[PDB]
Amino acid sequence: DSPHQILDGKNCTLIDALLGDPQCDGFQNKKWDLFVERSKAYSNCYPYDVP
Amino acid sequence: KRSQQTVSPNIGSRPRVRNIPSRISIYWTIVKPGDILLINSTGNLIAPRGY
Amino acid sequence: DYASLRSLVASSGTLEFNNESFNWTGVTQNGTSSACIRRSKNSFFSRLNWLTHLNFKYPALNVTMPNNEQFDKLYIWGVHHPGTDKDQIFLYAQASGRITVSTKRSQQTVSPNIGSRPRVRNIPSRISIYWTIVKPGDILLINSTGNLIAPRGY
Ligand SMILES: *[C@@H]1O[C@H](CO)[C@@H](O[C@@H]2O[C@H](CO)[C@@H](O[C@@H]3O[C@H](CO[C@H]4O[C@H](CO[C@H]5O[C@H](CO)[C@@H](O)[C@H](O)[C@@H]5O)[C@@H](O)[C@H](O[C@H]5O[C@H](CO)[C@@H](O)[C@H](O)[C@@H]5O)[C@@H]4O)[C@@H](O)[C@H](O[C@H]4O[C@H](CO)[C@@H](O)[C@H](O)[C@@H]4O)[C@@H]3O)[C@H](O)[C@H]2NC(C)=O)[C@H](O)[C@H]1NC(C)=O
Ligand SMILES: *[C@@H]1O[C@H](CO)[C@@H](O[C@@H]2O[C@H](CO)[C@@H](O[C@@H]3O[C@H](CO[C@H]4O[C@H](CO)[C@@H](O)[C@H](O)[C@@H]4O)[C@@H](O)[C@H](O[C@H]4O[C@H](CO)[C@@H](O)[C@H](O)[C@@H]4O)[C@@H]3O)[C@H](O)[C@H]2NC(C)=O)[C@H](O)[C@H]1NC(C)=O
Ligand SMILES: *[C@@H]1O[C@H](CO)[C@@H](O[C@@H]2O[C@H](CO)[C@@H](O[C@@H]3O[C@H](CO[C@H]4O[C@H](CO)[C@@H](O)[C@H](O)[C@@H]4O)[C@@H](O)[C@H](O[C@H]4O[C@H](CO)[C@@H](O)[C@H](O)[C@@H]4O)[C@@H]3O)[C@H](O)[C@H]2NC(C)=O)[C@H](O)[C@H]1NC(C)=O
Ligand SMILES: *[C@@H]1O[C@H](CO)[C@@H](O[C@@H]2O[C@H](CO)[C@@H](O[C@@H]3O[C@H](CO)[C@@H](O)[C@H](O[C@H]4O[C@H](CO)[C@@H](O)[C@H](O)[C@@H]4O)[C@@H]3O)[C@H](O)[C@H]2NC(C)=O)[C@H](O)[C@H]1NC(C)=O
Ligand SMILES: *[C@@H]1O[C@H](CO)[C@@H](O)[C@H](O)[C@H]1NC(C)=O
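Protein chains in written order, with my numbering: chain A, 533 to 583; chain B, 9 to 59; chain C, 291 to 444.
Hint data in this document are derived by calculation from the structure and do not stem from the laboratory. Backbone N, C-alpha and C fix where the C-beta goes; we use that ideal spot for every residue, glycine too. Just to be clear, a hint being listed does not mean it is correct.
In silico DSS-like links for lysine-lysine, alpha-carbon gap of 27 Å or less [unchecked claim]:
(1) C:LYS331 <-> A:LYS572
(2) A:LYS572 <-> C:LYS347
(3) A:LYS572 <-> C:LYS394
Residues of chain B clear of chain A, computed beta-carbon distances all greater than 10 Å [stated by the list, open to error]:
(4) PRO17
(5) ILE34
(6) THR37
(7) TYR59
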């Protein structure tokens with residue numbers, strides 16, 4: 533963890549957390565030096581596609 | 009003031025994801041220090057809540 | 291995006307084409323052209339299907355094809371832009387629609403545009419070809435209201 537701020541996505545992706553998937557609502561209003569995305573990340577909300 | 013982004017809704021059936029055939033496309037717009045975001049919509053608008 | 295399709299097919303290194311049997315009920319299959327002469331007969335692209343009106347009736351096409359095999363599939367589809375409006379009435383029997391191909395992730399929407407263009411091989415009309423890649427779990431769906439150069443297989 534030290535000395536770089538690490539935020540673990542757990543069951544979340546950065547775009548999903550930005551949009552506000554319910555499961556990701558924990559990461560709201562948080563900052564990071566390095567964001568970590570897990571492979572098991574899944575979305576639980578309206579089908580979203582981002583060009 | 010700097011740029012315009014126009015997107016036309018496309019209504020059609022699409023493969024079911026999480027038992028939801030409809031979808032949502034997400035786009036981003038950057039607003040400079042002195043600038044105005046003007047949104048013209050007659051329908052099908054998923055709207056921002058803040059910045 | 292011609293360069294992307296060219297590089298993709300070249301990197302894959304196979305032109306293997308497995309033919310598939312879609313619904314295609316209510317529309318006339320095959321299709322012919324004067325410029326695409328094959329064995330002294332008017333014809334069209336071997337891996338593409340020119341759908342045309344049937345009994346002056348073009349139903350909305352909602353045709354679904356899944357992948358149950360364990361390999362990624364490449365589908366080649368197209369939109370026919372007619373030179374003239376007379377031709378649109380003759381070939382598709384309705385007004386211009388929207389062609390939308392869709393999978394769980396990717397969705398492409400193309401609108402036919404009818405206008406005259408510099409004639410090539412005495413053909414004013416044009417056809418725009420797009421590619422869609424379907425994953426194993428994913429399925430392919432098309433909403434055609436006309437002007438669709440449909441795939442024959444993958
Ligand atoms: C290839 O594509 C074809 C489609 O072209 C597809 O077959 C279709 O399958 C769906 C799903 O079952 C069928 O939809 C059902 O429709 C039932 C009502 O059918 C009536 O209307 C049909 C359309 O008529 C149009 O055109 C006439 C003029 O020709 C016009 O007057 C009408 O007003 C209308 O505009 C008509 O074809 C049909 O006649 C057939 O009826 C039966 C088959 O249903 C049989 O006797 C014959 O085959 C006859 O030709 C009839 O007049 C409706 O009852 C049904 O709704 C129930 O089921 C759904 C789904 O479970 C439930 O959600 C719902 O609540 C009801 O319980 C359903 O909506 C469609 O009619 C088929 N099309 C046909 C048969 O041509 C094939 O599967 C595809 N094949 C492959 C391999 O992919
Ligand atoms: C892909 O996207 C297209 C485009 O949205 C969809 O295709 C069709 O879209 C039209 C949009 O208007 C659908 O709606 C209308 O259907 C009406 C039903 O007519 C029925 O009439 C009697 C019942 O009294 C039935 O017995 C008969 O069999 C017909 O089914 C028509 O009235 C409509 O035509 C008129 O619409 C308005 C109404 O005032 C006027 O502007 C005109 O008079 C116009 O002529 C129109 O056809 C239509 O149902 C859609 N087709 C289908 C098969 O659903 C596709 O649905 C979509 N594909 C998907 C989602 O998979
Ligand atoms: C364009 O074409 C597409 C074709 O996909 C149409 O959209 C869908 O069509 C399918 C085919 O009928 C509909 O499938 C529905 O599945 C639902 C159940 O979800 C799944 O649940 C479990 C868990 O994964 C699966 O194992 C299971 O197999 C299901 O796939 C149900 O709504 C229906 O399933 C059946 O449920 C009960 C129990 O068997 C039956 O009694 C019902 O009669 C029903 O048959 C259904 O089969 C799906 O609903 C369609 N999507 C919709 C309606 O949004 C488009 O409609 C078409 N566009 C048009 C026509 O405009
Ligand atoms: C429009 O006309 C075409 C025919 O040009 C037709 O599409 C064909 O439909 C048939 C039947 O569904 C498909 O099956 C073929 O039938 C022919 C009959 O002559 C056979 O010779 C074929 O076998 C050869 O081709 C295979 C695929 O390359 C080879 O693996 C095999 O070894 C043989 O060489 C095959 O059984 C056929 O694939 C299509 N396509 C073509 C180009 O034939 C279509 O149905 C017609 N449309 C309408 C509306 O009538
Ligand atoms: C994340 O996924 C795991 C899968 O084993 C599950 O047990 C856990 O409850 C999930 N966490 C959240 C917050 O959904």
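Q) Is the hinted pair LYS572 (chain A) and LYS347 (chain C) satisfied, with a Cα-Cα distance of at most 27 Å? A) violated, 48 Å
Q) Are the Cα atoms of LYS331 (chain C) and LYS572 (chain A) separated by 27 Å or less? A) Given that 27 Å is the threshold and the Cα spacing comes to 55 Å, the pair is violated.
**Q.** Assertion that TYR59 (chain B) lies farther than 10 Å from chain A (Cβ)
**A.** Holds, since 12 Å exceeds 10 Å.
Q) Is the Cβ of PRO17 (chain B) more than 10 Å away from each Cβ in chain A? A) Non-interface label stands for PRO17 (chain B): nearest chain A Cβ at 14 Å, farther than 10 Å.
Q) Non-interface claim for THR37 (chain B): all C-beta distances to chain A beyond 10 Å? A) For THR37 (chain B), whose nearest Cβ neighbour in chain A is about 13 Å away, the distance exceeds 10 Å, so it holds.
Q) Are the Cα atoms of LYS572 (chain A) and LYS394 (chain C) separated by 27 Å or less? A) holds, 18 Å
(Q) Just want to verify: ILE34 (chain B) was marked as not at the interface with chain A; is every Cβ pair farther apart than 10 Å? (A) violated, 5 Å
Checked against the numbered hints above, the structure violates hints 1, 2, 5; every other hint is satisfied.
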